[PDB]
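Number of protein chains: 2
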Amino acid sequence: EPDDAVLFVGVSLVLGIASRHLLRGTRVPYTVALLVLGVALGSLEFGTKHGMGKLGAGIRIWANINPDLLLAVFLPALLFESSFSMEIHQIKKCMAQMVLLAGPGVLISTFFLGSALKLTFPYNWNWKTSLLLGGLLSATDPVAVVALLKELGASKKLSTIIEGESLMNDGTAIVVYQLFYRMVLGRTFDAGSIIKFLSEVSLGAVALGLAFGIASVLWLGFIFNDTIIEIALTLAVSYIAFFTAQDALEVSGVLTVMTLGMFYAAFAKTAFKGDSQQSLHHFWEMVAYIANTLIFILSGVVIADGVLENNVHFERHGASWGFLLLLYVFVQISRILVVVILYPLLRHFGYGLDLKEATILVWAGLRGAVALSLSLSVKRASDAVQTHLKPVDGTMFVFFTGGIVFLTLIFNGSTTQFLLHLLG
Amino acid sequence: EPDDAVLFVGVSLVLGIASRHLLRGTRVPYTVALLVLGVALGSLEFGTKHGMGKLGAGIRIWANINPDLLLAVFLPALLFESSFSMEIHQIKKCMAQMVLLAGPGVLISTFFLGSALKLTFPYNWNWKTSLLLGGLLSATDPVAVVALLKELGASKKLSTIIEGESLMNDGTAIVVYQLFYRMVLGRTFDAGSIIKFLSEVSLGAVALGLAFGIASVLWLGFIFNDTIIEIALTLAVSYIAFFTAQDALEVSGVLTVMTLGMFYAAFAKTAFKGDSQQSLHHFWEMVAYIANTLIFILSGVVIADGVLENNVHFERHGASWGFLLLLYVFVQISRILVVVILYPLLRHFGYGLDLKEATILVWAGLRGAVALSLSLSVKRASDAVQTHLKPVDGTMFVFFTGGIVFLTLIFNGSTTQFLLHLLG
Ligand SMILES: CCCCCCCCCCCCCC(=O)OC[C@H](COP(=O)(O)OCCN)OC(=O)CCCCCCCCCCCCC
Ligand SMILES: CCCCCCCCCCCCCC(=O)OC[C@H](COP(=O)(O)OCCN)OC(=O)CCCCCCCCCCCCC
Numbered sequence: 007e008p009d010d011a012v013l014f015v016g017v018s019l020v021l022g023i024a025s026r027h028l029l030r031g032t033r034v035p036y037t038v039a040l041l042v043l044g045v046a047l048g049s050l051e052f053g054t055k056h057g058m059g060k061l062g063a064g065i066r067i068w069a070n071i072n073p074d075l076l077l078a079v080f081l082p083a084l085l086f087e088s089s090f091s092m093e094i095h096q097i098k099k100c101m102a103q104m105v106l107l108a109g110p111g112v113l114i115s116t117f118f119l120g121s122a123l124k125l126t127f128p129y130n131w132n133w134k135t136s137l138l139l140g141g142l143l144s145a146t147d148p149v150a151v152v153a154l155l156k157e158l159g160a161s162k163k164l165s166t167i168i169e170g171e172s173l174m175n176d177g178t179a180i181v182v183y184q185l186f187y188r189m190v191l192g193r194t195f196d197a198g199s200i201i202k203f204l205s206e207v208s209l210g211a212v213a214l215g216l217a218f219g220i221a222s223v224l225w226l227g228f229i230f231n232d233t234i235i236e237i238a239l240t241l242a243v244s245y246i247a248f249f250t251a252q253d254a255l256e257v258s259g260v261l262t263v264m265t266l267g268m269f270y271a272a273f274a275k276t277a278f279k280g281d282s283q284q285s286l287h288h289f290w291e292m293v294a295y296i297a298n299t300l301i302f303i304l305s306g307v308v309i310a311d312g313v314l315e316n317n318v319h320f321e322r323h324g325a326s327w328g329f330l331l332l333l334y335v336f337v338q339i340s341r342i343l344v345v346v347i348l349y350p351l352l353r354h355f356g357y358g359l360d361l362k363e364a365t366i367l368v369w370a371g372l373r374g375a376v377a378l379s380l381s382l383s384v385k386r387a388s389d390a391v392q393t394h395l396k397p398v399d400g401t402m403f404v405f406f407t408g409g410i411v412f413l414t415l416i417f418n419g420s421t422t423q424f425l426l427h428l429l430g
Numbered sequence: 007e008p009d010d011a012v013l014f015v016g017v018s019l020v021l022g023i024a025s026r027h028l029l030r031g032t033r034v035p036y037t038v039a040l041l042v043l044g045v046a047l048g049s050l051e052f053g054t055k056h057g058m059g060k061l062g063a064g065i066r067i068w069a070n071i072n073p074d075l076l077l078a079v080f081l082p083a084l085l086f087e088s089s090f091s092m093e094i095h096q097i098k099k100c101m102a103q104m105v106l107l108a109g110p111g112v113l114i115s116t117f118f119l120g121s122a123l124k125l126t127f128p129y130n131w132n133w134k135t136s137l138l139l140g141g142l143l144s145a146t147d148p149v150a151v152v153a154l155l156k157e158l159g160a161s162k163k164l165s166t167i168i169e170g171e172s173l174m175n176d177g178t179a180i181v182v183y184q185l186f187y188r189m190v191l192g193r194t195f196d197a198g199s200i201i202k203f204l205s206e207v208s209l210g211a212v213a214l215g216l217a218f219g220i221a222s223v224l225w226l227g228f229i230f231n232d233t234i235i236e237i238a239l240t241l242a243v244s245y246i247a248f249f250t251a252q253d254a255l256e257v258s259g260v261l262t263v264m265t266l267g268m269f270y271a272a273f274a275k276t277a278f279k280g281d282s283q284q285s286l287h288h289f290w291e292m293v294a295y296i297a298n299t300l301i302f303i304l305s306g307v308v309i310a311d312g313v314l315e316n317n318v319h320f321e322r323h324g325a326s327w328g329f330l331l332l333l334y335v336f337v338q339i340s341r342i343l344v345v346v347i348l349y350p351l352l353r354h355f356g357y358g359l360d361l362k363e364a365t366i367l368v369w370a371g372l373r374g375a376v377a378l379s380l381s382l383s384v385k386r387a388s389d390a391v392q393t394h395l396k397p398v399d400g401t402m403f404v405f406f407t408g409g410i411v412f413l414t415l416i417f418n419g420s421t422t423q424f425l426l427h428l429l430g
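Chains B and A supply the protein sequences, listed in that same order.
Per the deposited numbering, the very first residue in the first sequence carries number 7; after that it's consecutive.
Per the deposited numbering, the very first residue in the second sequence carries number 7; after that it's consecutive.
No wet-lab data here; the hints were simulated from the structure.
Please note that a few of the clues may not be correct.
As the list makes no split between identical chains, a pair holds if one copy fits it or if it spans any two.
Straight-line alpha carbon distances no greater than 30 angstroms define the calculated DSSO-like cross-link-like pairs of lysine-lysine that follow [said to hold, decoys possible]:
| no. | residue 1 | residue 2 |
| --- | --- | --- |
| 1 | 202 | 60 |
| 2 | 279 | 98 |
| 3 | 279 | 156 |
| 4 | 124 | 55 |
| 5 | 362 | 156 |
Work out the full structure: start from the sequences and follow the hints.
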């Protein structure tokens, strides 16, 4: 029973090197193909009652993964790679634009989308739950989009903005979700309580980043003439900061591992010199790639589970499927809404954002596994004793987040190719 | 509860980079210090009833790891690194000596040690169980010894022999253990059945190695101008061969991942050229190092658990502790016995083995985690419905294998320094 999982990890990574050997340089990028293959395996095991004898058991184990673990195992090997592969040149001039786009943006979007669904969805949802789903659907991780913006070699400003916006969006999205979750549970909040919660959980978590950064930079300076330990040290530090933030200090872990990666991007030269700097990057690249292959295939599996696990109960009558496209058009309308509201500030701050770059920011709102963890968090709570939340409500969120994950990458991610190559 | 484990992984790897920054170039090598720190943490959590609030939960989760999983997660990242870092020059001339030392050797040792304990141990053990423990205690993995034999730069022949002997010893030790386990369960064997079991489980598993090797060498040849996928491919192939051997074809996995690593050591040049060959090694080095830091600390934790989990029941009256040194002196006497019996063959075959190298082969019988998995296998069966095996019998094996693991590394591994530096 335990080994079936090691089988699935191996099979999923082999599917990764197939879909990268093929589908490279073609018009169909990596991530969309990964997610489709994941949905394929998930459908083959769950839907087909014949089942698969060995792989199927491991697929089922990985599909029942706990969401907190789903974040803890993977994100510290994704956010760190992103925050480390960026450069100081652009970050110090784009920081104004991304922080202005990833805290106010998510507040606006959450407000809008939450209101929208509660008004036009007959499932008898309430304001807190609807704003809860808004906070869920407010994260962004356009991996395919940054991949293209480096493949076709566009301006680096757009790429830096669109990465950091995704990072600080994942962070503040988890923060707003946690707030609305405490709200749904029954905890009452006043203005001071909320302005203390957000302030601490954002800015206090940010400090842990550089605390660990300076400590581990000194300890990288003490070590002489070595590369293997220095790299394993950085890896262990990234993996320990996430736990020190999410479970020890009751603060956000994404901003912690994000402030730790850019601090390393700032002080890489003092700690690593010669070939040691070059190897540091290659190793981290693999950890990224592996972590990228497994996250997308697993994601697909999960979402397939979420459609078929209770297929008799829901995801059969077509009315739910129409509401799913309604929520989709609601998602981009709010993205458009956020960028229209924030256009003047984004204009004067940093380097000027022209209309076309604003057009790419309207696109590239691809959803990521970070919100899959949150949807699965709500469903796990709903199955257990819950107040206001009921199992069918968790049932709903799992398909709605999963559907927007599939729809955004297949449509927004694939057609991003057309806008940059021909229209621009 | 799940995150406590990610905390322990991070903490254990940080302890690794501490014990390697210190204790490097000193007379106290890496592995012994790792194992002592592991025993320290295990003792602090289990013995001290005060407990540790967070780390302790993760320590307990990792200490309750299933043995089959304990092998499957780690060994494919250890045996492959070993079988890949070796060179063709020596392997083709030492192969005769190691195969002659790791199949007949283990048969001799198992026979001797099994008989010895059954004769001089009053616990009312039977011949099958005693030979079972003999097969347990017949594995070797002297990591510290190969580390020294490369640090002080001795002849490569000794190093190659002493690595491959450890590899094929792990393999054939697991094979003999499985045979004696089927025996203990109740399955009856005749001469033909045994000569079929061993033949298939050894030589048929050996074929899977090169099947996967040639397949993955062709698929490394199709891919052009790339490094990240080629390396992730090799990793995934190593991790899938273990499962294809141990659970799909009912054969040994150690010889499979071992024939896959040397085939790559043979055909590295055709598949990887330029910097891609150099990076391939560095990445694998880390996977080795990490896997080496976690295996030893976890091992220590486990053995500490095995002494204190039932401290009231056993490991308190001194009589058991005396039998533990008796078994220790029995262990080296059989090592001496095996090499004395195999001396003439080892003489003429390959390059001549002189008396001093035979003296180092008498030493360097350090026990490894490979036999920890087997001891934990017997205990898990003993707790459940069992025939002939009873819980106290599994209770015994766990301390006896664990004690010989601690005693061999602290005594045989540390004093190996003295023999090579001054006596030779
Ligand atoms: C370099 C990597 C560093 C960190 C790696 C992980 C650190 C320790 C991992 C131990 C976690 C497993 C503990 C456990 O109980 O597993 C069960 C898990 C969750 O499923 P359950 O719902 O059954 O949870 C039971 C608890 N209520 O069932 C599962 O399906 C578990 C699957 C996930 C386990 C971890 C997989 C490792 C993947 C390696 C690649 C990571 C990216 C670099
Ligand atoms: C690059 C790595 C490739 C392969 C990595 C692993 C592949 C998939 C891992 C999933 C396995 C976890 C599944 C599970 O149920 O975990 C529980 C595990 C065993 O403990 P239990 O006795 O509770 O087992 C329950 C079943 N009866 O409880 C535990 O304590 C689990 C601890 C071990 C989990 C794996 C840790 C990963 C370590 C990464 C480093 C590996 C070396 C490179």
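Evaluated hints:
1. In the homo-oligomer, the alpha carbons of residue 202 and residue 60 lie at most 30 angstroms apart only across protomers (26 angstroms), although the nearest pairing inside one protomer, at 50 angstroms, exceeds that limit.
2. With identical chains, the CA atoms of residue 279 and residue 98 are at most 30 angstroms apart within one copy only, with a shortest distance of 23 angstroms there and 39 angstroms across copies.
3. For the homomeric pair residue 279 and residue 156, the shortest alpha-carbon distances inside one copy (26 angstroms) and between copies (26 angstroms) are both at most 30 angstroms.
4. For a Cα distance limit of 30 angstroms, the shortest separation of residue 124 from residue 55 qualifies neither inside one copy, at 36 angstroms, nor across copies, at 52 angstroms.
5. In the homo-oligomer, the alpha carbons of residue 362 and residue 156 lie at most 30 angstroms apart inside one protomer (17 angstroms), although the nearest pairing across protomers, at 60 angstroms, exceeds that limit.
Hint 4 from the list above is the single one not met by this structure.
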